[PDB]
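S.K.: Listed below, chain by chain, are the residues.
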Amino acid sequence: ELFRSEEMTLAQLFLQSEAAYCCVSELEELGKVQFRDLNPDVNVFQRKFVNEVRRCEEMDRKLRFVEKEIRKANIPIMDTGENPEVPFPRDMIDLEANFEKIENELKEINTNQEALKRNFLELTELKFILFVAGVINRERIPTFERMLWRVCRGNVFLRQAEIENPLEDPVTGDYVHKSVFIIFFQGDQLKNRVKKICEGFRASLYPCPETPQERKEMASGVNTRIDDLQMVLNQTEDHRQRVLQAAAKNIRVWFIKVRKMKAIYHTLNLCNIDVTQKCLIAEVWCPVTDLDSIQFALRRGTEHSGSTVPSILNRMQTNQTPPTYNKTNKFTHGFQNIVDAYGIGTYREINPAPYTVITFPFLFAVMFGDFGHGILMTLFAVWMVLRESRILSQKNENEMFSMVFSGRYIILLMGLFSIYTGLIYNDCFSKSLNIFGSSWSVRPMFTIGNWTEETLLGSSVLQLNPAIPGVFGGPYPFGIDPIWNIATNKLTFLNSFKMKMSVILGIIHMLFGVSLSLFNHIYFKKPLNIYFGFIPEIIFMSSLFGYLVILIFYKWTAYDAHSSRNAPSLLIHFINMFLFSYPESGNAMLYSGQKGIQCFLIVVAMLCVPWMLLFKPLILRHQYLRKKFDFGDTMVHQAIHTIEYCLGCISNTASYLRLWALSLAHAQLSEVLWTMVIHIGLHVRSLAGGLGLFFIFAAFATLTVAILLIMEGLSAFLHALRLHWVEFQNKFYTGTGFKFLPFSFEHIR
Amino acid sequence: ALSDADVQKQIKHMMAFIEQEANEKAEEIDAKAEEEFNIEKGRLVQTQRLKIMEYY
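Chains F and B, in that order, are what the protein sequence lines are. Taking my numbering, the leading residue of the first sequence gets 109, the next gets one more, and so forth. Taking my numbering, the leading residue of the second sequence gets 8, the next gets one more, and so forth.
Hints may be right or wrong, so weigh each one.
Quick list of simulated restraints, FRET-style, between CB atoms [to be verified]:
id, chain 1, residue 1, chain 2, residue 2, range
1, F, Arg495, B, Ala12, 54 to 62 angstroms
2, F, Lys435, B, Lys16, 30 to 38 angstroms
3, B, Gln15, F, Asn147, 22 to 30 angstroms
Calculated cross-link-like contacts (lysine-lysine; reagent style DSSO-like; alpha-carbon spacing at most 30 angstroms) [claimed, not checked]:
id, chain 1, residue 1, chain 2, residue 2
4, F, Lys634, F, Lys539
5, F, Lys663, F, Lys608
6, B, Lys16, F, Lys140
7, F, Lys736, F, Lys633
8, F, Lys180, F, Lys170
9, F, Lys847, F, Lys140
10, F, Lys386, B, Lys48
11, F, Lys156, B, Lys32
12, B, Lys19, F, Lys140
13, F, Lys209, F, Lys225
14, F, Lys386, B, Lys32
15, F, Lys156, F, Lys170
16, B, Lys39, B, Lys16
17, F, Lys703, F, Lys663
18, F, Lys539, F, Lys633
19, F, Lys386, B, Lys58
20, F, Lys386, B, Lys19
21, F, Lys370, F, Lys176
22, F, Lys608, F, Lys736
23, F, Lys140, F, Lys370
24, F, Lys370, F, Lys357
Since the hints were derived computationally from the structure, they do not count as laboratory data. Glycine included, C-beta positions come from ideal geometry on N, C-alpha and C.
Let the sequences and hints guide you as you build the complete structure.
M.R.: Structural data, given as structure tokens:
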């Protein structure tokens, strides 16, 4: 039983536009039906939903306008709920207008407020202007004065006045000291001159000075009036704020409801209008599960509409290439997305995602087999999960944070397996895991074997521990014996093992992917795809690549150190296998008769090729002409496919050497970063050593995060994902599908 | 969750719906025809009755 996509039907439903209105409401909130466009040649003007959409767009813009002003004012409006009710009466148009009135009112008030504000400032100047203190900006009054004398120097007294504690500049918007020079002139030419000057200069010298009491009384009058107008302004602004808060709540909720309204009308445009009755027929692609739920939903919808129209949905026997619908949940959604990132699978294709959930973390764990960082990696994921409720119910404009959050459950699992593999490798920041099981060698017996005081010469030598001295042997209980973690030749013992491991795992993973192709070939009833496809392809791979894997295990179990000199090399035998090179002597064979097996397997691998290479189009021609197909073109397709499979298996095997390459590369970073950073921080001097470790470690931990936890973890993520997409999926996960886009109530916020 | 019989029943229902509208619309048309019939007749009968009446 494999997971496959859900069915999407070709059914059509037909019913009255009123029942359709209600049903669309119901189906959109249900979210389980994907509609088809019944009139591809018809524009929105042609659908005749343009009046409804336009209305929606206009009220939408108006609401947004008001909302923007509301947001500018920093109002608390929680926008807490009621949104789920989603009614859509035609009376919404009237609701819209009432909200339109608010916009107009608010704009009018602000316009008036600004106007009143301006008047206030001018009257404020008058307050100061009434002896009399005129108003200037006085940025460069030295020059104003000079220009005044240039036009006539020294003719009239310049009276100075100053403003104590000036308030916010009507223009500048700040509080500066102000002082003014006011000159009374008898001549008209000078009045005109200085008018032009003052216009050029940063100054307000507009009213005429008056000494008469009457003007002082006038100024007092207007100074009172403006105070009253300011009080009115203050009142209208407080009212506006009260209005804005109430509207903020009503509008945020209505706003969402409106967005849903628009969504409904949009969907309603995507239909065909009947001629016989004012009814629409619409087509949806839905699986039976959903179709039963929908029928019930339809009864609910039509019941909300006053007409309770039966609304018949007719199943379509004919099947139309559907979108691919994959049900996901909070955990598996992320894995499906990284699959979809490569492409949308063929309808009824085997979904790779259920296998990715484990396969991908495993490939990472091999690439990132680091026990210590595996823990840190999980802790990072846990942090995100612990804030899951706080991150979801908040704004997240940072897309990189959102992405890693969405992948938080992927990361956690990746860490989980990375710990597993790091534990077996026994590397935790280049630290081994001592289980008291290290019995590789018995040092006491080393000295007995004619090594007396070797530690004296040892000052200039290392000396490699011999195999099979009669006193050494026995595996480490779990994983690699910790002793190799401090060896100078770990770089051959452990590097070789990981090399062989990567090859073995890569081949197995490919064979798994191929095995899945058999199930796909069964589902689509293509016997030919296995008779000349699966069978000769898997025979090719087994005979060459599975044989190699068997030999690797054989070597480990067949030969001991007793034959270490000129020990058989699996690389050379593998090469000689392919080339049919069978020297009589000079090279030890793994087992007697190996040459016969080597020749047998390669010949058989060739014998399967004709089937996969050309017999498929050959039999298709046979069957085609008997039943009665571009034979030449089909030969081209199959020949290319055969080359890709056969050559790709060889290339794909190399691809999985990334497991070794990245595991080694990481191991090199960990060993070097430790050795050249924290190790040097240690010293025989007590206090200096302790304090040094503090500062050095802090930097060390920083480098481990910057280099390994982030950058390398990201690299291993990408490389393991590469293997999934190219080498695994390409064995069975083929073709493309369409995006599954049902009606849904997405506009919740 | 419907069989051929159930979908056919709902189709039959929709057709009954159409027949119901057919009847209501026709009745509405004949009713206005009746109104115009009576209005024109009363107008005509009084007009000529009075014309010959006034002559006499």
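S.K.: Look at each hint and say if it fits the structure.
M.R.: To see whether the hints hold, each was checked on the structure:
| no. | hint | verdict |
| --- | --- | --- |
| 1 | F:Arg495 to B:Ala12: 54 to 62 angstroms | holds, 56 angstroms |
| 2 | F:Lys435 to B:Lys16: 30 to 38 angstroms | holds, 33 angstroms |
| 3 | B:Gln15 to F:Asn147: 22 to 30 angstroms | holds, 28 angstroms |
| 4 | F:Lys634 to F:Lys539 | violated, 54 angstroms |
| 5 | F:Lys663 to F:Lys608 | holds, 11 angstroms |
| 6 | B:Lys16 to F:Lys140 | holds, 26 angstroms |
| 7 | F:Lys736 to F:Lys633 | holds, 21 angstroms |
| 8 | F:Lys180 to F:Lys170 | holds, 15 angstroms |
| 9 | F:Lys847 to F:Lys140 | holds, 14 angstroms |
| 10 | F:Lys386 to B:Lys48 | violated, 37 angstroms |
| 11 | F:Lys156 to B:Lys32 | holds, 25 angstroms |
| 12 | B:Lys19 to F:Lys140 | holds, 28 angstroms |
| 13 | F:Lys209 to F:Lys225 | holds, 23 angstroms |
| 14 | F:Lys386 to B:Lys32 | holds, 15 angstroms |
| 15 | F:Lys156 to F:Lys170 | holds, 23 angstroms |
| 16 | B:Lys39 to B:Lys16 | violated, 35 angstroms |
| 17 | F:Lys703 to F:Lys663 | holds, 16 angstroms |
| 18 | F:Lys539 to F:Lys633 | violated, 54 angstroms |
| 19 | F:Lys386 to B:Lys58 | violated, 51 angstroms |
| 20 | F:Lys386 to B:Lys19 | holds, 18 angstroms |
| 21 | F:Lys370 to F:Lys176 | holds, 20 angstroms |
| 22 | F:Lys608 to F:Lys736 | violated, 53 angstroms |
| 23 | F:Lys140 to F:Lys370 | holds, 18 angstroms |
| 24 | F:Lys370 to F:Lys357 | holds, 20 angstroms |
Hint compliance for this structure: hints 4, 10, 16, 18, 19, 22 are not met, and every other hint is.
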